[PDB]
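Residues per chain are reported as follows:
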Amino acid sequence: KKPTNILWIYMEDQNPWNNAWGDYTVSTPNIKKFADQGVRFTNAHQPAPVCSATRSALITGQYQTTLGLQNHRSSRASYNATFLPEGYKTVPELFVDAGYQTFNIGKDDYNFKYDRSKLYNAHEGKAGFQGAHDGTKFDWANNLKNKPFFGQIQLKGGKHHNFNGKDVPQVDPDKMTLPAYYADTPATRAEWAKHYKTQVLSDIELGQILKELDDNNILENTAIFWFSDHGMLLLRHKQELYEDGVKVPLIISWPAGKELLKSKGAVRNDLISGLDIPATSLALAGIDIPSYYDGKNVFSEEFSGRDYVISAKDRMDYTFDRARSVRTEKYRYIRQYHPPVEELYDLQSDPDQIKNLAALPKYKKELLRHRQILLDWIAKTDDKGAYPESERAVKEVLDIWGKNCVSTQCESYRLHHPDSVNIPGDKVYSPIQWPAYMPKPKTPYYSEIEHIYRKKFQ
Amino acid sequence: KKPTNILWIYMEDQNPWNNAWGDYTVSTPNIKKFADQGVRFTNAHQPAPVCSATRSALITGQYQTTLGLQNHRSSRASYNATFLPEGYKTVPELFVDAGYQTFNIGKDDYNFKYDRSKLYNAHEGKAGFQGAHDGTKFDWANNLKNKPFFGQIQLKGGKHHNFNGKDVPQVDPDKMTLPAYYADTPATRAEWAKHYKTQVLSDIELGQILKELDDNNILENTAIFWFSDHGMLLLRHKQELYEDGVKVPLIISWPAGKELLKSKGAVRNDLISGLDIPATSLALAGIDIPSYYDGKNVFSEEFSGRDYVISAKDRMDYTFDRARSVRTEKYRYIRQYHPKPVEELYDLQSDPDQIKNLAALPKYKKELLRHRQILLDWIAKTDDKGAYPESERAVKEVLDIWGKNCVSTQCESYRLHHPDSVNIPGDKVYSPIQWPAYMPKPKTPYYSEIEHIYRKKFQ
Ligand SMILES: [Ca+2]
Ligand SMILES: [Ca+2]
Ligand SMILES: [Cl-]
Ligand SMILES: [Cl-]
Ligand SMILES: [Cl-]
Ligand SMILES: [Cl-]
Ligand SMILES: [Cl-]
Ligand SMILES: [Cl-]
Ligand SMILES: [Cl-]
Numbered sequence: 001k002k003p004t005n006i007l008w009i010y011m012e013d014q015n016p017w018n019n020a021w022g023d024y025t026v027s028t029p030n031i032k033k034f035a036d037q038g039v040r041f042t043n044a045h046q047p048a049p050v051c052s053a054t055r056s057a058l059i060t061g062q063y064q065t066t067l068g069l070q071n072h073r074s075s076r077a078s079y080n081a082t083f084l085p086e087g088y089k090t091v092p093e094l095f096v097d098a099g100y101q102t103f104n105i106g107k108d109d110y111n112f113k114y115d116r117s118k119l120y121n122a123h124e125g126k127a128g129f130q131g132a133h134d135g136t137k138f139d140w141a142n143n144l145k146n147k148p149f150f151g152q153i154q155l156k157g158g159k160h161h162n163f164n165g166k167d168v169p170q171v172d173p174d175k176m177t178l179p180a181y182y183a184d185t186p187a188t189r190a191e192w193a194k195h196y197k198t199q200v201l202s203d204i205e206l207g208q209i210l211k212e213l214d215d216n217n218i219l220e221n222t223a224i225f226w227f228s229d230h231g232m233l234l235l236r237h238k239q240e241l242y243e244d245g246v247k248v249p250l251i252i253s254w255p256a257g258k259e260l261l262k263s264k265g266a267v268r269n270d271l272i273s274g275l276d277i278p279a280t281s282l283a284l285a286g287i288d289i290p291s292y293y294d295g296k297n298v299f300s301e302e303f304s305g306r307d308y309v310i311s312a313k314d315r316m317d318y319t320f321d322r323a324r325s326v327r328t329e330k331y332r333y334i335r336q337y338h339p340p341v342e343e344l345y346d347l348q349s350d351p352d353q354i355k356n357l358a359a360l361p362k363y364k365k366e367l368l369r370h371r372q373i374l375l376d377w378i379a380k381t382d383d384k385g386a387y388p389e390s391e392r393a394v395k396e397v398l399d400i401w402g403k404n405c406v407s408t409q410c411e412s413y414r415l416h417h418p419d420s421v422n423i424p425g426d427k428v429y430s431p432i433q434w435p436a437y438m439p440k441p442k443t444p445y446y447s448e449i450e451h452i453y454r455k456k457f458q
Numbered sequence: 001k002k003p004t005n006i007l008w009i010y011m012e013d014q015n016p017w018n019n020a021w022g023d024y025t026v027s028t029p030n031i032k033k034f035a036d037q038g039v040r041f042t043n044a045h046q047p048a049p050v051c052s053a054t055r056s057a058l059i060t061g062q063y064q065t066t067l068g069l070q071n072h073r074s075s076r077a078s079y080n081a082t083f084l085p086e087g088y089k090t091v092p093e094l095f096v097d098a099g100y101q102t103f104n105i106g107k108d109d110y111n112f113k114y115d116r117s118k119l120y121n122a123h124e125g126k127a128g129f130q131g132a133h134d135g136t137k138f139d140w141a142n143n144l145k146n147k148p149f150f151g152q153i154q155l156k157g158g159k160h161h162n163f164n165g166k167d168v169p170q171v172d173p174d175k176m177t178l179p180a181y182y183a184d185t186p187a188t189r190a191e192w193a194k195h196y197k198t199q200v201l202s203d204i205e206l207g208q209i210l211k212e213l214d215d216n217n218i219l220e221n222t223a224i225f226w227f228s229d230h231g232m233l234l235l236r237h238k239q240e241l242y243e244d245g246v247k248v249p250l251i252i253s254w255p256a257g258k259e260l261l262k263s264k265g266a267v268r269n270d271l272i273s274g275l276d277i278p279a280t281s282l283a284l285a286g287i288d289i290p291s292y293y294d295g296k297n298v299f300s301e302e303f304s305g306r307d308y309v310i311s312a313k314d315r316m317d318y319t320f321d322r323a324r325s326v327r328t329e330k331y332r333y334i335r336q337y338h339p340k341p342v343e344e345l346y347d348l349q350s351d352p353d354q355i356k357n358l359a360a361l362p363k364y365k366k367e368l369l370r371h372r373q374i375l376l377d378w379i380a381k382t383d384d385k386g387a388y389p390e391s392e393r394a395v396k397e398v399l400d401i402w403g404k405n406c407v408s409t410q411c412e413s414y415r416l417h418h419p420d421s422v423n424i425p426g427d428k429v430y431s432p433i434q435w436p437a438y439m440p441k442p443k444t445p446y447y448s449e450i451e452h453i454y455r456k457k458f459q
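Order-wise, the sequence lines are chains A and B. Heads up: the first sequence is residues 1 to 458, going by my numbering. Heads up: the second sequence is residues 1 to 459, going by my numbering.
It is worth saying that the hints were derived from the structure and are not from the lab. Honestly, I wouldn't trust all of these hints.
[Claimed, not checked] Derived pair list, reagent style DSSO-like, types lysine-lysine, alpha-carbon separation capped at 30 Å: (1) A:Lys118 - B:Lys381; (2) B:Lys33 - B:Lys166; (3) B:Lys381 - A:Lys380.
[Said to hold, decoys possible] From the structure, some residues in chain A lie toward chain B, with a derived Cβ separation under 10 Å: (4) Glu86; (5) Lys145; (6) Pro290; (7) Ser291; (8) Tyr292; (9) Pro340; (10) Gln372; (11) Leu374; (12) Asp376; (13) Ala379; (14) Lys380; (15) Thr381; (16) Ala386; (17) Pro388; (18) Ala436; (19) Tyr437.
[Said to hold, decoys possible] Under 8 Å between C-beta atoms, here's a sample of chain A residues computed to sit facing chain B: (20) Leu67; (21) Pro85; (22) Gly87; (23) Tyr88; (24) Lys89; (25) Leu375; (26) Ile378; (27) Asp382; (28) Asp383.
Note that CB positions come from ideal geometry on N, CA and C, so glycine has one too.
With these hints in hand, go ahead and build the complete structure from the sequences.
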């Protein structure tokens, strides 16, 4: 007994502030019922805290840092490209090869060049934001009611802008409880109340998708993976609060396999990586997990929870950072490469990560233990974050963010190209030819997504 | 029940033309007795056919192509550097961390920068050929007769230069049987007879090392790995004959453990990769094999022979090539990326000298695709770094060492984009590379000498 379909309900930028996680600030009945009849994961940690890093990792099955996909965003311009290795199979291509129809409605946002028709064969792509391909809308639930499919639906999550729907409650910014030692201003309180409203919008959209499956008798045989690509990125001065940036909601539901999925627990507290989502998707559908994928089937009998979960943060827009985190059952550890410098937090007693324990003698052994888990991971994956981005990749940042990039990478680039700082890179550098094993489609939007230069930023 | 020591008897550039392999052209009694009492491997295929590629692969435990170590030679200059990832453990470091004394007498010839004292803690290094470190000679068999060690002794193998020893037999070039369609000249017949003489020199040297171990009671408790870094590189026009380039002699002997080793066969014909040598050494000494190593323990109960062995060839001195090979039980497949890639398929049973390319024969289409798919899996799994062009700084290193001999497109384009500095030494053109914080560069003087690789004689 395997499900017929896989469906990822893929939310942008959302923390699990919903009834199923015990939070009754707003009413989330669809999510609560959905969680009650499925498997809820309370320790699912994505490999990255930002869009294109997480989304590239889950679609390739590996840490975004292993294949040079770690920088948000990257490989978008005509003159700067990353290609997956020859022979490589993304998760959708694995499903296509096994006979399924595949789609992703909404943004891809991956940090490599690709022929989308090899990944998603049930619909066409179109130009998206900042070099991304997007998947066109279509009546997937009707068209594929009798064709086994791996689909994704991208929902706006915390980035929903429109709250005029008569089902969105009032949320008073003055009633919001902020994290400890977090900036308490009208703007942060407004961001909190807005994020609660987006929980209701997510709850509504979940209800609509479940109805659409039900109206085409697709609800029983579809394994649904319900998750966000990261939580809200929160800053206390310069300190990123990683725990609730990488820990995301995850509910897995397969109605006709309920008892099989719940066998290890209807509420899973063991440590899960977001990279286990594609691997579990493959296993549930009866597709081998490639040996080079990092994920595991979280429902297999041999799966007893990860000892630790690794996350990575690299460049974000025009901020050239590099940090690596080891999450164990009790601690989050951070290695910060651009303050060498280390952080360690006991989450049980310090959930907002205020008390760095790295320099306390009592915690030296736990510190070294987390550090060594990280060194093992760097040695195993050859973390491409250790290597600097190229001239062409820096030029791509300049095309998109212009004067906003004040990093020493960007200034040094300007000092070396004073003749062309504001000339679009596609007029400075030759286009990158796609490799023999993957010719560039002639589809017109493939050239439109490469027009990344933004005059308004210089 | 584990051996106490690990020793690699490590030969340069040598084919198994010896009595243990059934070749009595010359007398090799030490090798014959050694193979008789140990385990002989007839299908051991190195991951490369040249020195720095094979040697970097075995010392790191991974295909040289996975870590950017594939180009022979590379990362030698002051301005061009490859470092292993933070936290990475080469095989000697794994033995140091476990308490052993470690040494390699003779050349290292690795394509990355390293602090040799972290690898080999039982002796010092010295300047070597073309940017390599070498290990100084010392009385290892006595110094370490009571200290568990992992050691390597580098022997000259097919590159021995002096044949006046009174026990080197005369070998007639006119009696040499060359490979089918191989150039039949006085030079190649001379090379054949010379190579047979080097078999006797390797036989002598094997006897001496065994005597040193016996004189110090190290003979019983020492697992020895006796092998070469590759066979001779043979060309027929532009075609490299990979089968006998990568397949090397390998004998493993551990006299106190004879019966355990021989359990799966005293003569082993299953497919083995040279990367299984460090993995098997680690296993015998009771050290964990890191999850990122490619080798396996060939004496483990779970080891049932490899279904295939991968080999890779990339730049060789100033020849910028890229070829990948899948060896299966019956066939060797070659994918050639700079002839878009062209493919070769040979049935070795009927075509030992690799003359009849079967790749375009409809009868062999399925065997072709099956070998192609094996290679594609390996590229996807390892992100074969030969898919990426060498940097500007690496081309300069080639130009420094080889000068006007490099006629490649990469070189000729470099000369076009730097017409004013073509013959200026690279260390006056490019700034030195700072070693990473996790591995500071020793002050030791020969570390500066080995980076002086410019050769005026070549331009
Ligand atoms: Ca996002
Ligand atoms: Ca050699
Ligand atoms: Cl825009
Ligand atoms: Cl649309
Ligand atoms: Cl299972
Ligand atoms: Cl604009
Ligand atoms: Cl040489
Ligand atoms: Cl003859
Ligand atoms: Cl075993």
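**Item:** Restraint satisfaction for A:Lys145 [CB to CB of chain B, less than 10 Å]
**Value:** violated, 34 Å
**Hinted pair B:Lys33 and B:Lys166, Cα distance within 30 Å** = Holds - the C-alpha atoms of B:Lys166 and B:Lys33 are around 22 Å apart, at most 30 Å.
**Prompt:** Do the numbers back the hint for A:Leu67, that is, is its least Cβ distance to chain B under 8 Å?
**Reply:** Holds, about 7 Å.
**Asked** Hint check: is the beta carbon of A:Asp382 less than 8 Å from a beta carbon of chain B?
**Response** Holds, because the Cβ-Cβ distance from A:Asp382 to chain B comes to roughly 5 Å (cut-off 8 Å).
**Prompt:** When the nearest CB of chain B is found for A:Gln372, is that gap smaller than 10 Å?
**Reply:** holds, 8 Å
**Prompt:** Should the interface hint for A:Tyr88 be scored as holding, given a Cβ-Cβ cut-off of 8 Å against chain B?
**Reply:** holds, 4 Å
**Interface hint compliance - A:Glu86 to chain B, C-beta minimum distance less than 10 Å** = With Cβ-Cβ at 5 Å, under 10 Å, it holds.
**Request:** Hold the hint about A:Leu375 up to the distance rule: shortest CB distance to chain B must be less than 8 Å.
**Result:** holds, 3 Å
**Item:** Hint validity - A:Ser291 Cβ closer than 10 Å to any chain B Cβ
**Value:** holds, 6 Å
**Item:** Cut-off 10 Å, beta-carbon criterion: hint that A:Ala379 touches chain B
**Value:** The hint holds - A:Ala379 has a Cβ within 10 Å of chain B, the shortest such distance being about 4 Å.
**Asked** Are A:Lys89 and chain B close enough, Cβ to Cβ, to be under 8 Å, as the hint says?
**Response** holds, 7 Å
**Prompt:** Is the hint on A:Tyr292 kept, meaning its closest Cβ partner in chain B is under 10 Å away?
**Reply:** Holds, because the Cβ-Cβ distance from A:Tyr292 to chain B comes to roughly 4 Å (cut-off 10 Å).
Consistency note: the structure conflicts with the earlier hints numbered 5 and 17.
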